[PDB]
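Given as structure tokens, the chain that follows is alone and in the form solved without N-[(3R)-piperidin-3-yl]benzamide (89W).
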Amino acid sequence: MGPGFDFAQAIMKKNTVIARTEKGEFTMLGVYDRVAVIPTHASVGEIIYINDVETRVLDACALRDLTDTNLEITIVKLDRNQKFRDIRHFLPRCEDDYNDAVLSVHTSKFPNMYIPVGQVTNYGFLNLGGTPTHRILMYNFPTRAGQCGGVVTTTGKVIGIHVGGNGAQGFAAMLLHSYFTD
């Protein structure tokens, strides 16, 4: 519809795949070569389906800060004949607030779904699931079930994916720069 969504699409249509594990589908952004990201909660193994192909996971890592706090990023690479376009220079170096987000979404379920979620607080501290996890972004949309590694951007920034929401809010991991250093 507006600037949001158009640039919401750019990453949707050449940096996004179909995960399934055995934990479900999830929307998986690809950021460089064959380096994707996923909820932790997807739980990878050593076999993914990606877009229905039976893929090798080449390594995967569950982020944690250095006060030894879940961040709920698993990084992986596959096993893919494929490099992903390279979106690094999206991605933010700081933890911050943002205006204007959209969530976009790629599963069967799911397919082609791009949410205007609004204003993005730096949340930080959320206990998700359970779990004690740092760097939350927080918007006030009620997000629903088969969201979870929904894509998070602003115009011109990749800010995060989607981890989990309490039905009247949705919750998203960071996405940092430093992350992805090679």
Contents of the next structure:
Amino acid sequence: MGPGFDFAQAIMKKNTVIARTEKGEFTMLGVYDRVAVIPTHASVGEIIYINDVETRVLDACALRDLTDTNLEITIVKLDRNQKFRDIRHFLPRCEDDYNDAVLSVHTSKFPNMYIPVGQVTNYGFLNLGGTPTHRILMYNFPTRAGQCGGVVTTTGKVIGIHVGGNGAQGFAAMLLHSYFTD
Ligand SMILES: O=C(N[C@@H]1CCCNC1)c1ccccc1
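To complete the pair, please output the form solved in complex with N-[(3R)-piperidin-3-yl]benzamide (89W); the form solved without N-[(3R)-piperidin-3-yl]benzamide (89W) was given just before.
Now the complete complex, all chains and molecules, led by this one.
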């Protein structure tokens, strides 16, 4: 409808796949080469389905901060025959608050879904499903099951991936440029 949705759509159309694990179907953001991200609660194993194609996982890492606190981001390298567009220049370098964000989801349950979530707070600590988690962004939208892995964008920035909610608020794990240096 506006420039926010324009940037979100451009990311969805070229930098997402549908990932399926034994824990469900997730929106999965491809960042560069064969490297993508997914919430850690997806429990990625040695094999994952990518757009319903059996795919070997070449490498995967559940990220934690230097306090050895959960960040809820898993970085996955896929044995895929095609690279992602490199979007690392859209990643923020530091922890921040944002105005006027969009949460975008693409699964069998929610195809081509875009949600204007408004103001994003650097919330910090969250007890997420009983797990102490750091670097959490919060938005005041009643997100639902099926939206985990959804991409959070502003115009010109890819700032996080949706990891949970409490019925009134939604929570995303930050994406930082430093996670994807090679
Ligand atoms: O850092 C990564 N993996 C190492 C090797 C073993 C797993 N944990 C640390 C990594 C990087 C890019 C994509 C995927 C994974």
